[PDB]
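Based on the hints, put chains R and S with the ligands in the right spot on chain Z.
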Amino acid sequence: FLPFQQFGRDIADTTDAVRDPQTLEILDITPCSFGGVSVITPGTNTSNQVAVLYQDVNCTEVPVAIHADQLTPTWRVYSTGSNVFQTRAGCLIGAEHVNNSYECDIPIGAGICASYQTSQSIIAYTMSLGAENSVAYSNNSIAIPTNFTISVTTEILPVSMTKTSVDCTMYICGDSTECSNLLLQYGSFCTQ
Amino acid sequence: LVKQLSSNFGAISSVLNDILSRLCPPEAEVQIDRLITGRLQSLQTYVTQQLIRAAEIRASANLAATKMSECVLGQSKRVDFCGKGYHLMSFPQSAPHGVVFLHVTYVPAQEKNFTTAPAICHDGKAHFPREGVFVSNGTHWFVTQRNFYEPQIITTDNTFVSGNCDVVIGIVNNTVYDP
Amino acid sequence: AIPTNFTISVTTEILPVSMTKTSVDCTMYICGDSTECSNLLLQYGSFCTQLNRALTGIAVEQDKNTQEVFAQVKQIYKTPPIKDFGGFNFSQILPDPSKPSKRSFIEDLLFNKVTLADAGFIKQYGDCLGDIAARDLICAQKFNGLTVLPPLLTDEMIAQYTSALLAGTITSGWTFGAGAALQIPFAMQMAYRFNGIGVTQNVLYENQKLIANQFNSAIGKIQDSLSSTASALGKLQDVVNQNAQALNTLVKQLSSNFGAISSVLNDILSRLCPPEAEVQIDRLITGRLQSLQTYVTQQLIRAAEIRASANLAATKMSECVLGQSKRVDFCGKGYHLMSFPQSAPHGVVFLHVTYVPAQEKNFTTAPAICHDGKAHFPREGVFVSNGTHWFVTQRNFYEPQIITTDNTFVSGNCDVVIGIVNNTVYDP
Ligand SMILES: *[C@@H]1O[C@H](CO)[C@@H](O[C@@H]2O[C@H](CO)[C@@H](O)[C@H](O)[C@H]2NC(C)=O)[C@H](O)[C@H]1NC(C)=O
Ligand SMILES: *[C@@H]1O[C@H](CO)[C@@H](O[C@@H]2O[C@H](CO)[C@@H](O)[C@H](O)[C@H]2NC(C)=O)[C@H](O)[C@H]1NC(C)=O
Ligand SMILES: *[C@@H]1O[C@H](CO)[C@@H](O[C@@H]2O[C@H](CO)[C@@H](O)[C@H](O)[C@H]2NC(C)=O)[C@H](O)[C@H]1NC(C)=O
Ligand SMILES: *[C@@H]1O[C@H](CO)[C@@H](O[C@@H]2O[C@H](CO)[C@@H](O)[C@H](O)[C@H]2NC(C)=O)[C@H](O)[C@H]1NC(C)=O
Ligand SMILES: *[C@@H]1O[C@H](CO)[C@@H](O[C@@H]2O[C@H](CO)[C@@H](O)[C@H](O)[C@H]2NC(C)=O)[C@H](O)[C@H]1NC(C)=O
Ligand SMILES: *[C@@H]1O[C@H](CO)[C@@H](O)[C@H](O)[C@H]1NC(C)=O
Ligand SMILES: *[C@@H]1O[C@H](CO)[C@@H](O)[C@H](O)[C@H]1NC(C)=O
Ligand SMILES: *[C@@H]1O[C@H](CO)[C@@H](O)[C@H](O)[C@H]1NC(C)=O
Ligand SMILES: *[C@@H]1O[C@H](CO)[C@@H](O)[C@H](O)[C@H]1NC(C)=O
Ligand SMILES: *[C@@H]1O[C@H](CO)[C@@H](O)[C@H](O)[C@H]1NC(C)=O
Ligand SMILES: *[C@@H]1O[C@H](CO)[C@@H](O)[C@H](O)[C@H]1NC(C)=O
Ligand SMILES: *[C@@H]1O[C@H](CO)[C@@H](O)[C@H](O)[C@H]1NC(C)=O
Ligand SMILES: *[C@@H]1O[C@H](CO)[C@@H](O)[C@H](O)[C@H]1NC(C)=O
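Protein chains in written order, with the entry's author numbering: chain Z, 559 to 676, 685 to 758; chain R, 958 to 1136; chain S, 709 to 1136.
Looking at chain Z on its own, in the form it has when it is part of the complex:
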């Protein structure tokens, strides 16, 4: 900091750092609630168990990043535990990691999907792309069908929507002449 400069600011013109008046050292300020939190859950009416993803954090440093010492106990159980799993997306807590690959049920990210399974609990895994298959290619081999089938598939396409219509005067003012008179100053918003 230059001698005449007291505050520093970032791109957003929010104060980024402060020079402490008493001890001339510079301190950066960072928000308390850094880090998104996403809840993975089966739908209610089935179970109330859930798992939590903390995005772009190390599972060693999840508690300090989330300020786990300050939360309530029911968040602290999900702050750290035995079901901690690291993924390219972040740290997942509350779901046991499974080696077996399955089709995606609830997507988390970075190839990771979870589901609810009965071991009655939530599981997280790397999705299965489909059955691994190999092809018996050769320069003098053909594979010819001898029987067939006729299949029927359903293709659903939306075509239209509800033909909504709106009267400005009722929604905005509600049959009040004075409010409509003030509204007329705005002009052709409502005709538009």
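No lab work stands behind these hints, which were simulated from the structure alone.
Even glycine gets a Cβ: it sits at the ideal position worked out from N, Cα and C.
Each hint should be verified, as a subset may be incorrect.
[Stated by the list, open to error] Here are the simulated BS3-like pairs of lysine-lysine, each with C-alpha atoms no more than 27 Å apart in a straight line: (1) R:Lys1041 with S:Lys1034; (2) S:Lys943 with S:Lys1034; (3) S:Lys917 with R:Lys1082; (4) R:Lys1034 with S:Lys1041; (5) S:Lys786 with S:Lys917.
[Stated by the list, open to error] The following residues of chain R were derived to be distant from chain Z, with all beta-carbon distances above 12 Å: (6) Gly967; (7) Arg996; (8) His1079; (9) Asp1080; (10) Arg1087; (11) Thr1096; (12) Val1124.
Frame of chain Z, contents of chains R and S with the ligands only:
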């Protein structure tokens, strides 16, 4: 949208009549302007979202009309345009704010490995299948359509000759029965 | 004018498929962990839930776009150990096992040419707190509630999908798109394809090596072209840039006063007290909420764009990779033969390989031939003369034959048609 009528938008109240019964023009109009701009903002947002969704639905409807034209009124050569498989037909059925197509398709079901070769040499000249491919069960060479096993005896009316059998790769020695 | 020689050309078609799955926390961006500002914000209601719902729909839509583009086959095929393809070299497009990931050589070039200005998909807390000397843009976004979720499908897995598609296309032709994947020698897939564009297969076998060499040479030129010119991938780069640009503008809009005394909430709150402070706070809130609404609207427009592009890309994959497209200039200029997919950040690339007539000669023609008063029309091809003899030949390649009854058909007599000429039909 209706829930957004409950918003104060920084006003003392969300109700117009409360403001008007409590406040008088010189400073009432400010709160009324705040409510008006908030509600007009909500309406503008709603209309914008509806326009986006309408562009979506018009794209879907154009696609549906295209499917109707190319699969109901005809047979579509486009792969996976009207369902997985070699398209045969499609049947329309109505639905609230939408349509449903029963796409009926051909799918090969059972298959066998066989041995093949592009061409056949008869007397030095190379014979190529007019349609289908050459195939062998290990003893006899036949011609068959690609998508269904149906061998036939090789004849001059099943094949055509172009060049000789010293150029093509994979040709094999056999005989062409001459009716 | 009939062609006598041809060429096999390879063209590159780049299509954006997805965007960055952005997400926004209103409370951080607008208020910044200040409870009083959040309390004032609650008076506005469900604006922010609406925005979050819209962006969640965007993210789900991008994942769906990628899935429906690439995951059109439910079996993960793999190339055989033996790369016997009748002289056709498939080594710059297949995965390289020696390489850690399964990206191809060409895919490696593509990923190394376009630059993804996001510091990767990992940026830890400590990474930002150690990067206090540069004030990284991504950290500034992250501290203001702006986050970039990772895509569901990682590049490993997109590459696996493309490898499976290539294996099916190369070993099974179009059969793997139609139900089960069969096996076909590649030259016979070529024969079918040439039959598809009205070309007799026999020509290819008669020149097979040459064609393969041409194809291989073409592939090399692609590798030479892509490795130098950066603008080739602009269609994708701009997308990234645009998204980045948007975010930058958004954070810069936190500097705006919007007519307030200051852009900082805490300054107003430390200087002013509710009865007139709330007015300035309302001004800031409406300005920032306006900026967010604008950003979300632009993202929705761009998402409609990208969904259109992704539907087009899926259509190309279905109609040109899983089959041969009769649509003209749908999969590159020329009579379509095939297309090969390659992944790319937030997009896909199609190597469309096509037939183009190359050398041609003038000849004299006529619709029909009179033999004994009856008119003969070509069953296929056209009548042509070199000045001495009349032949029949396919339209798109010079290959004359002697006229015979099995090459033509008779309908009517030669007194009606215009342009018929006198000649003889040899009778075997
Ligand atoms: C070809 O495959 C079809 C099935 O895809 C066979 O149809 C079934 O044949 C069995 C044995 O003859 C019957 O028990 C079933 O009832 C048939 N299916 C139906 C729906 O009736 C067909 O027979 C096969 N043809 C050959 C020559 O193998
Ligand atoms: C197919 O038949 C031709 C005709 O007999 C074979 O050509 C002969 O090949 C032998 C191989 O040693 C030569 O010695 C002869 O001079 C060839 N004669 C002619 C007229 O070409 C050919 O080898 C046979 N190919 C297969 C795969 O059976
Ligand atoms: C048809 O045209 C192709 C080029 O489009 C010719 O291929 C080239 O032929 C010349 C002369 O024989 C060679 O020097 C080149 O090396 C060939 N090209 C490649 C890539 O190898 C082909 O020869 C022509 N055919 C005829 C009958 O004229
Ligand atoms: C396919 O083309 C390549 C040329 O790129 C052939 O040669 C390989 O080239 C790469 C890179 O130039 C080298 O790393 C390899 O060592 C080369 N291989 C050999 C055997 O020298 C390659 O051989 C071609 N494929 C086939 C099957 O012939
Ligand atoms: C093609 O051949 C027919 C058959 O010889 C020609 O028809 C004759 O044309 C001459 C022209 O003066 C007439 O005098 C004859 O009466 C025609 N005979 C018949 C049987 O049609 C015809 O002119 C020839 N056309 C060409 C272009 O050579
Ligand atoms: C929800 O619960 C009711 C009764 O408990 C049951 O009838 C219904 O099937 C449930 N729905 C789902 C989706 O599980
Ligand atoms: C922090 O994360 C990196 C990778 O993101 C990992 O290698 C490292 O082990 C983590 N920290 C600790 C203490 O394990
Ligand atoms: C074809 O051959 C491959 C490899 O030899 C084998 O796995 C497959 O089962 C065979 N299919 C039939 C129908 O014989
Ligand atoms: C091959 O087909 C011929 C046709 O007559 C038949 O005689 C022969 O038994 C068949 N062989 C096998 C192994 O199917
Ligand atoms: C097909 O491949 C085998 C080895 O896999 C080889 O011996 C044979 O010669 C090839 N076919 C032709 C026509 O060369
Ligand atoms: C065909 O004729 C036109 C005009 O006579 C001439 O310009 C052109 O070069 C000719 N092409 C060939 C291949 O002879
Ligand atoms: C036309 O083709 C015939 C076919 O045998 C040939 O004899 C004649 O020389 C050719 N004439 C010209 C000008 O190419
Ligand atoms: C073609 O045009 C020429 C003049 O350009 C004319 O003499 C000739 O008659 C025409 N062809 C026919 C079949 O009439």
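Hint check:
no.: 1; hint: R:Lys1041 with S:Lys1034; result: holds, 18 Å
no.: 2; hint: S:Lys943 with S:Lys1034; result: holds, 26 Å
no.: 3; hint: S:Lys917 with R:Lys1082; result: holds, 20 Å
no.: 4; hint: R:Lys1034 with S:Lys1041; result: holds, 20 Å
no.: 5; hint: S:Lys786 with S:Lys917; result: holds, 25 Å
no.: 6; hint: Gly967; result: holds, 16 Å
no.: 7; hint: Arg996; result: violated, 5 Å
no.: 8; hint: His1079; result: holds, 20 Å
no.: 9; hint: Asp1080; result: holds, 23 Å
no.: 10; hint: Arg1087; result: holds, 18 Å
no.: 11; hint: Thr1096; result: holds, 16 Å
no.: 12; hint: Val1124; result: holds, 17 Å
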